[PDB]
Amino acid sequence: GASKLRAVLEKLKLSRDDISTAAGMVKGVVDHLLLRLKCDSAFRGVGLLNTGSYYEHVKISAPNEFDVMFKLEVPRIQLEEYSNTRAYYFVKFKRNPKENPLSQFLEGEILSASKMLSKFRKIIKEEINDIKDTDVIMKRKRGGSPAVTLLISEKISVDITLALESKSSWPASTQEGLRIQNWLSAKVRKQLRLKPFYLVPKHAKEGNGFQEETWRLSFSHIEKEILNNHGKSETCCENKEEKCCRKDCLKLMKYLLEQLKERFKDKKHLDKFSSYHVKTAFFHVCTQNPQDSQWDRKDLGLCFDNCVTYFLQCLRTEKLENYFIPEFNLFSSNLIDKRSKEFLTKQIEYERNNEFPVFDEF
Amino acid sequence: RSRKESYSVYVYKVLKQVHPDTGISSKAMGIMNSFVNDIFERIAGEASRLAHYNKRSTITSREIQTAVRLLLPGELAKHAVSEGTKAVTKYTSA
Amino acid sequence: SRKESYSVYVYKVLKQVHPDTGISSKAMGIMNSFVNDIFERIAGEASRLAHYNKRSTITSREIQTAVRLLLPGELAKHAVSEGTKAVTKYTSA
Amino acid sequence: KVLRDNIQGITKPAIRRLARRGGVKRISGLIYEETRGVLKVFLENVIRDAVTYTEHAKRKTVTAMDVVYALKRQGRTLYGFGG
Amino acid sequence: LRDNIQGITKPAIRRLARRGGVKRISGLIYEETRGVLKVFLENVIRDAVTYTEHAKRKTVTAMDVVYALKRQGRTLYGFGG
Amino acid sequence: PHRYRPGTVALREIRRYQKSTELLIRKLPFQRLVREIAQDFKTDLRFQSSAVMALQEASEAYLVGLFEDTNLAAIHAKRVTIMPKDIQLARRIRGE
Amino acid sequence: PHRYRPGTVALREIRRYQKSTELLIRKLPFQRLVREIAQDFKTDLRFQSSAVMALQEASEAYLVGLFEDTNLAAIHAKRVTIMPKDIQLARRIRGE
Amino acid sequence: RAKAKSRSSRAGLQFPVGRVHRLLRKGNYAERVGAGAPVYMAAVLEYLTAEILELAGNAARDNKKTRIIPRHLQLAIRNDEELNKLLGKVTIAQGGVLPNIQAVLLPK
Amino acid sequence: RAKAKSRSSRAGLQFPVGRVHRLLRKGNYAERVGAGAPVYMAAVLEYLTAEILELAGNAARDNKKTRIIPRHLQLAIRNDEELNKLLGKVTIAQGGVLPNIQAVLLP
DNA sequence: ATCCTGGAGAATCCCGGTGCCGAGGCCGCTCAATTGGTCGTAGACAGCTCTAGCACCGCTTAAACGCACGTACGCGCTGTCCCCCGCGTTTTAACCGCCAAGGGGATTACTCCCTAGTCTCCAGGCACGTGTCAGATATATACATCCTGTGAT
DNA sequence: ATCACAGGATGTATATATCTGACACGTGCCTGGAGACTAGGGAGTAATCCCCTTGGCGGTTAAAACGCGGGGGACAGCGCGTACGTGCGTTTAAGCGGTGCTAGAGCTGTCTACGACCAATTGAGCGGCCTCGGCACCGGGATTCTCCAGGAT
Ligand SMILES: [Zn+2]
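Chains as they are written, first to last, in PDB author numbering: chain K, 161 to 522; chain H, 32 to 125; chain D, 33 to 125; chain F, 21 to 103; chain B, 23 to 103; chain E, 39 to 134; chain A, 39 to 134; chain G, 12 to 119; chain C, 12 to 118.
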């Protein structure tokens, strides 16, 4: 079952040999924006999260779609859980003698996601008009996760996420998360938890409206670290004797969902599903299968099939726990409707029974 | 072989609320004990004086509150007042 | 009501040193502030010494030690000499 | 019932006289402004404590003792106004 | 015991100076520095002795040193208190 | 046009002001400054005349002592004229 | 025969000594200094090892603080090198 | 007799109340100690304790540690202006100093 | 019934003893105050009082007066290192300052 | 440019008298000191345990000591300039004395109620014991900062 | 003659593996916290008395504010030379650890001289009163300063 998958993986990799220039264009725009933000009193401390890189591709089948995060330090914050959601919080500031320059975004006691996002978009919009060799257009808002979507010439899109950084003990809701103890080790878990966590502007939306000024917890940096340090051996994959298919399985899982979403993007059934769900499911399967020998590259076929099966089980039962926040169900009926899950279930089951033809067809 | 009192046990607990995953050295603990006794004495000392100055035999929550304001700077004093005011408000309501 | 001060005692001491010298009301007010300031300090240290050594009583010994900790140079010494005598005599009186 | 700008009530000659008493012979023009910026801080800290004591006692009128205690605890003492 | 002030080595003085942000040290500093350290020690030690003697002891304890330092506007943390 | 040279009067005034004991800051001006500051903590405050004097003497004593240290800093720099930074240094060394 | 220029090492050392926490004065030397002073007040006196350490830490903290003020005075005088005067001025301003 | 309950728990505090109630009596701070005094104070001591430990913990994390040592307490206290002053005369055993180097001493 | 007799007389003091005893036992210094403590203290306060007044009286004559004023107290204290130290942080109302002029300011 | 009288021109000291209000001495009285007796417990004292502070020994080795080179720094000298000082004239409001109004501090009398002091009982917290993980140590590799030559400009 | 660059040299930060002893957690007391109770003194409240703060007026007077001219100090720039910094090689005694001794801290138990406490008596000290004497202020004269001119260096 691995041979067809290997051909797919090779195809997906080769499509990225062309990117070096695209990454260049993204960098040009990003550096430009950061200069303006640094000139702005509110964003003076802003910088890239994925330090050393101007590109990250969240979607495996979208090589022309870039994702960058602009982080902003908040030296001390008090979180207040929004409506028992375990992932959404109001951000307030603690006692701080010196002037805190983010005061301009406050609304009463609470840091306004709306104000910060509004100004973030404002600064960028005025600033992109100062990009002269490259045409950069700001797209209309569709949410707060990407604070800004930029359209660069006719080839490049950049999703920009603004995040607050907090270098303090992770919230209690994360206490039982990051369940890598039996996979990457308990000591690695502890090391990772000495790192900061992030907060992204995000309204806490419900069926009857939304809470405007909430922020959601983000551990994207840890997710990256795990994927690139997925072994308990660590140099797993730096040598053939330890070549595993974890990374391959994730690309294929992401690719399966992305291909199906692309296939049916017009019927809208799959709009609420994302690579983050796939990636979360993947980490759970890795947790269930902590030994590198359960991911032998030779078993790509069955490893991927088993990954698919787990994802299907999550869809059918409407349950996918956030890897860092176990009480946060990414697949709750409140976030994703059953119709979408039944549709995806059937499409995946069709694909799996036919050796995943959607992988070749476009 | 004498029971010796300290705040080591209480300091640990506070540490857990602010930083659940961290510990503290025996020296840092010794320092925190010196710290608590220093602040305690000052507040109790000033509260004593306020009671004396205003011709009283009793220290109440006010002498403590006023003592806090005089001893602590800026907002630090304020938050201490807010927390104290509350703890009493609740204590007498519980 | 009726205040209390050391004005009467300070006045007498002035005569012991300078029988023909008078004193202003302000100088007297200053001397009163002085006496109360020194008193408080010595009493303060004596309190502490008793506490430090786990005792309830202040005796002439705590006062003596307090004097040394507070007074510089020979003032501490001459004060101790005078204190020692006053107690020695009072006791035998 | 609102007071303002009485910081300039501390006139140039007044500053100089204080400086001269301190043995200062010659004074740069920028001293007048800098000096007031220090006097004021001193007063804010002392007055505030005096007010704090006054409020504790539930009074309105600040007395000499309220000021003396306020000064005292800041690392000094003032003789002649009570005790 | 005698002249143990010379036990405070030159490097020892410089290192303290460096920690204070001092980049260059005049050759006459070493003696001047000692003349200050010694005075500091005399005042602190004497108070510690005074407390020790009051208590009718011969051994000076950390608590006697702490009390001695304290009253000079110097609370020291980490040795009881 | 008979007159004294620069520095002759200044030294003289130093002698005289060191010698006398009265207040050098005018009273009503000072008194108002106290109140202007006080009103920022609370309105409708009142002062006894003895409270105002207590504040004034402490305030002058403070500034005079500050000037003594300021003067030394200027001398250390090999000067006669005091500048804002001689004040700042003196305060910083004190620990303010 | 590679060399670092004057001031390169000194700045390096400043960084490091500011960073670390250990005692900079040798112990047995210091310990004896304490005792020599002590014997001038009283013979046959003893110390706990913790008493000696308490003195040493306080002593260094004092000197470091003194050097910081000394350094500022030298800068005020537009110098890098600290001289006995800079120590004396700082102490005086502090009330010693 | 009714079941006994700790007062610290009742007031929502971690610091002992009964103990403070007692200590406030000695050194004769006052002849008497009011019922709400021990509580008010315990809350204050706890608040300040938390501020120092939290900031020190942050320093420990910056240095990639899992605990607070005397140094972290020093860095936290001094960087925080209000705590700096409250403890402005305190010498911390093994505190070290802040890495402040005067600009005039640096080459360029 | 023995006649009442001032303790100050017994101790050869001018300062009150019974009053000092009273002040010591309260003002919250200790639970208890020994009989000899008030006496020891009264003698100390008296000694220091005499030193200041004596020196102030001398200062009064430098100004050719027969009286002590706040200024004479200031001059008495600051021209005596030990008193100056004891009271080194004391501000005395209407004390003025010593007439100290730096040599570098002079012709 | 700098020293040495000798005069002119203020400024500061000393002399003698006015007059005033603040010190200093006297009288009433009242309540804080003194006396005298009782109770109980804090402190003095002796005895004993055994922690920990002193003294000594030898070995390892990182710090301290002394010297030589040379150059960045401190110091003194010169000249520019501008910015304080000192004087005189005009302008302001501080100070003084007097008046009236009333707000709030100080004292009084009275009454609970909120604490201290007592006894009983149990669980929260400290001294000890044990196991293993965090940080220290040490090894070795790779990146960052500093300082001379040197060739390009 | 200056800029910057590249190379070397050096020192720092980095990952790695191993060691160990200092923390974190558990056990078993045991004595201090908490509950339950009475007794009574302090704090709270309101009456109300009258002292002192506030506000306002008008006159006068010294004190501030303003402007001008000119000397004198602050400052920048230069050059000398020496007093520190840096690196090398030799000498020192600090630090480690291990041993052995006993002096003095720390705790126990006993007993009694000392001080809190209470009730009675009274005279030392505080408030209010008058008296007049040392000090502050006025005006005049003596002499002791500073500064410039003119004649020496
Ligand atoms: Zn792998």
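Simulated from the structure, these hints should not be mistaken for lab results.
Note that the Cβ used here is the ideal one computed from N, Cα and C, for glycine as well.
Check the hints yourself; a few may be wrong.
[As the list claims (entries may be wrong)] Have a look at the derived ranges for each label pair, beta carbon to beta carbon: (1) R33/G <-> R130/A: 42 to 50 Å; (2) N256/K <-> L23/B: 46 to 54 Å; (3) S274/K <-> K80/E: 52 to 60 Å; (4) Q48/D <-> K80/A: 29 to 37 Å.
[To be verified] Okay, derived cross-link-like pairs now, DSS-like style, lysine-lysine, Cα gap no bigger than 30 Å in a straight line: (5) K123/E <-> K57/E; (6) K37/C <-> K57/E; (7) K109/H <-> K258/K; (8) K96/C <-> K47/D; (9) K57/A <-> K258/K.
These are the hints, each one checked on the structure:
1. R33/G <-> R130/A: 42 to 50 Å: holds, 46 Å
2. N256/K <-> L23/B: 46 to 54 Å: Holds: the Cβ-Cβ distance is about 52 Å, inside 46 to 54 Å.
3. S274/K <-> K80/E: 52 to 60 Å: violated, 37 Å
4. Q48/D <-> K80/A: 29 to 37 Å: 36 Å Cβ-Cβ, so the 29 to 37 Å window holds.
5. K123/E <-> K57/E: holds, 28 Å
6. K37/C <-> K57/E: violated, 42 Å
7. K109/H <-> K258/K: holds, 16 Å
8. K96/C <-> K47/D: This hinted pair holds, its Cα atoms lying about 26 Å apart.
9. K57/A <-> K258/K: Roughly 24 Å separates the two Cα atoms, so the pair holds.
In this structure, the hints that do not hold are numbers 3 and 6, in rising order.
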